[PDB]
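The chain below stands alone and is given in structure tokens; this is the form deposited in one PDB entry.
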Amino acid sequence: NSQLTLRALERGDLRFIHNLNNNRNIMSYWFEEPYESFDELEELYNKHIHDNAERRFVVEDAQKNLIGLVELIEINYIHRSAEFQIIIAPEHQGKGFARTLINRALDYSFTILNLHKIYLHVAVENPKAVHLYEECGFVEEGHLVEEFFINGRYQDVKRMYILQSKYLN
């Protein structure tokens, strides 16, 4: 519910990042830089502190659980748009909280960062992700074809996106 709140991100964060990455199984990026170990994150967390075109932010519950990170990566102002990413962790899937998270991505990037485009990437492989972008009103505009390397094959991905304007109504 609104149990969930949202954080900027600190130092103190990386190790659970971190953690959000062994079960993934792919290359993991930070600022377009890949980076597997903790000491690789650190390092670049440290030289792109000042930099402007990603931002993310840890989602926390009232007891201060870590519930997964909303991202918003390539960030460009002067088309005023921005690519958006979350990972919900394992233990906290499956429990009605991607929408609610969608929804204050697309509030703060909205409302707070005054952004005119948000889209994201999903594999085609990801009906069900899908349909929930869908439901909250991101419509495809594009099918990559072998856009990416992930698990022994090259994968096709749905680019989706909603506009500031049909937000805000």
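Think of the rigid core as the biggest set of C-alphas that the two forms share within 1.5 Å after superposition. Residue numbers count along the first chain shown, from 1. Compared with the form deposited in another entry:
- With the core fitted between these two forms, just one of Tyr35, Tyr108, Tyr119, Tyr45 shows a Cα displacement of at least 2 Å, namely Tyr35.
- Shown in the overlay between these two forms, fitted on the rigid core, is a CA shift at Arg24 of 2 Å or greater.
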The other form holds:
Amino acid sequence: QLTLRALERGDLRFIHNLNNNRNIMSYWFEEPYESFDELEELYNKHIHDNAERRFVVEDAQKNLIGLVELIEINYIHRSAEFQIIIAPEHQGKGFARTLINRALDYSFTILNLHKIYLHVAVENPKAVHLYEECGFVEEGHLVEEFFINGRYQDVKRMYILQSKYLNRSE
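Mind pulling up the form deposited in another entry next to the form deposited in one PDB entry we just looked at?
Shown next is a single chain and nothing more.
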């Protein structure tokens, strides 16, 4: 029922809405301010940048569900950072696990990456737990790494390896 596809110029109004939402951008440790023009100019700049893959998530109806991104893709170390956003209107419909799996399938069966890692607020224990259920393991607890809502907060760095993902069941 859910499909990941490449980000397109016609999806930019959707991204713009997310990028200016304080409560969504807080999960990505980003400032919730971006004019359409900054957004669109940065999109243009990175069209041919091989160090990132940005995906939009659609349901069968072709409602826009959210965003998945693989960034800082490094081709010697074969690692990338994974980050995901599910739009407020679709939060709590049970789609996260499916989309995490899609991202990992893409990473490990298409791009042939070795390692995917992510950052998650220590004060978001529900997401830490979801990630662990999907196979990620804590490799760091970064102290006062990000300033979020008036104070410095700690974050977990978590990872999963291609070997585990592909071979755990063997």
